[PDB]
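For reference, the chain that follows is the form solved without S-adenosylmethionine (SAM), supplied as structure tokens.
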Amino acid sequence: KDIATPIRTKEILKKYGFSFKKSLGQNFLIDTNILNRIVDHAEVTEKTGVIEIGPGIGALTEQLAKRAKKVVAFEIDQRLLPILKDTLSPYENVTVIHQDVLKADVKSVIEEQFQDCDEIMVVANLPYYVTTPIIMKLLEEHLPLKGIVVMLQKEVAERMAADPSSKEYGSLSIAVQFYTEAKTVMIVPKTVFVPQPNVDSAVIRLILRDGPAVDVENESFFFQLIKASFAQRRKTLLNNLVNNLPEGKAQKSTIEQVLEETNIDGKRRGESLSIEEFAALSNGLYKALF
């Protein structure tokens, strides 16, 4: 049987369950069809190089290996790596890196690992608390990736893919869509996981854009500005800028003046700004504040 079946996963966890500490939000996929559907949505073929993050006991890694040219899995826990040497032993095209993807130089790994591939995808099942930090880290690294297809919490996907008119729109939406075209593609039933989460979760497809969605002087300042602006959503933009930028209180009157100079009423709520406005605002504030 495949790793992604309830009988095989149960057996592996029974054999090796005392050999690793269960972590925050850790689960194990036990439905082969769902995985292959996710792999369909990622468009993985014989020429695709796939990066997986957090391979678990190999469930998804296995389905990827059967379809991709090659699979590189990041795993921080050596105890889990020891388990994959059992569960992934049939697959030559799987290379496991004992490294935290957040600390990794992913561009070199890709050069090192994917020479015989035509396109690189990220495909991974991510626990809530690392979802946003991993995705932004990867996107800020400007990697030569076609796309990222990730299993995550439904609300997080919805936020990432939100369009400007919808209620889910926030700083996360803007940050992800700066880099990518984002769409939530499946709702995954709770029953494909061990242990089982309380609710259905989701899969998000992020296709990387040819270049940035808007023109900014400093990407990092732009993302800090967005974050600062949405911190207390219902309060005014000016108020948010004052209390959430380290420059806020020290340079209030400059901030006021940059809003005036860019024709953006600081009495408006942060959520009312388009991405084009936030861009123009970041550029003005970056030049005036540093």
The other form holds:
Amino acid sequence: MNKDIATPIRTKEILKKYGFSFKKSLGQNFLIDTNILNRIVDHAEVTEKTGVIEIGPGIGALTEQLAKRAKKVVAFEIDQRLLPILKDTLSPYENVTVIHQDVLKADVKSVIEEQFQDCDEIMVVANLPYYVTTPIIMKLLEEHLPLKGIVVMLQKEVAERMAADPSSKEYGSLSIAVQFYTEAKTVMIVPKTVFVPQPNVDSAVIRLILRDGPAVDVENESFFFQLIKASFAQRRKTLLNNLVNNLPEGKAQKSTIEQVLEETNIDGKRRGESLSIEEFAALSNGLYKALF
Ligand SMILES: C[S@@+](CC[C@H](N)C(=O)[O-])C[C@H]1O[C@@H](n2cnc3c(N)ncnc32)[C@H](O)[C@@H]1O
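What I would like now is the form deposited with S-adenosylmethionine (SAM) bound, since the data block earlier showed the form solved without S-adenosylmethionine (SAM); can you produce it?
Following is the full complex, with the preceding chain placed first.
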């Protein structure tokens, strides 16, 4: 409780024992609020059922809280300087494995196979480094990993885009990408005062529950995502305009794109940002057949 890593004094004591200096280049902002940490663990429903992938353990503030509930925790940490610290701070916990490696170069599926054979369910729970929040989430989702869900702390503005409702000004290609694979919900907003050092931007905790199969039925995922990106490329322009200018087929096959919009009952004159994920799926299947 009060003796845990994540108290302001305890955190400082550790950092001082090792003379640790933060690297803003690695998004190092450590949690020093045990109620926040416990809250995150609650939102991830971590029990003895659960094997947990943690990204960016730091000096172990969240790791410790996860370790008390989970069957097993594996934590990827990029900073070699933290490794001896974690060995010390997490010495009371025998269910923790730290792997020294940038999560973006890891083969997470192999790690899951090797480490979590005895777990009923796998969660990702993490206070993410803000400089690569979106790459990390995209990697985890793109690779169809056998996860129940992902609960992470990240920039507020990023959570808001991930979880965006279609009426939200934050609705975008990122909303669609996340919501294709998951049900997304921003569950907490956290002040800057619960970290050391305090971050420059606001923070939030988002909860992503992996869907049993994709949200919509599309012929071709690759094509679907490129279409999404082309459609949102300029906020104020028509969907047609965006497609002509952003699909490489756009300026070669414009008439075919106009025919498909007509055939799928989607007014080109609407903005791309008006389209729901279902309309995007319909448009994508129609275009994929025509385009190819
Ligand atoms: C925001 S801090 C959070 C630390 C700790 N989880 C906490 O809440 O106190 C981010 C952590 O991610 C680590 N990190 C940064 N980039 C990384 C990457 N690509 N892969 C794995 N860890 C990374 C940092 O070294 C740092 O420990």
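Positions refer to the first chain, counted from 1. Rigid core: the largest C-alpha set superposing within 1.5 Å between the two forms.
Enquirer: Which one moved? Candidates are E168, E112, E219, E119, criterion is a Cα shift of 2 Å or more between the two forms after superposing on the core.
Expert: Among the listed residues, the one whose C-alpha moves by 2 Å or more is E219.
Enquirer: Answer yes if the CA of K10 moves 2 Å or more between the two forms after aligning the rigid core, and no otherwise.
Expert: After core superposition, the C-alpha of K10 moves less than 2 Å between the two forms.
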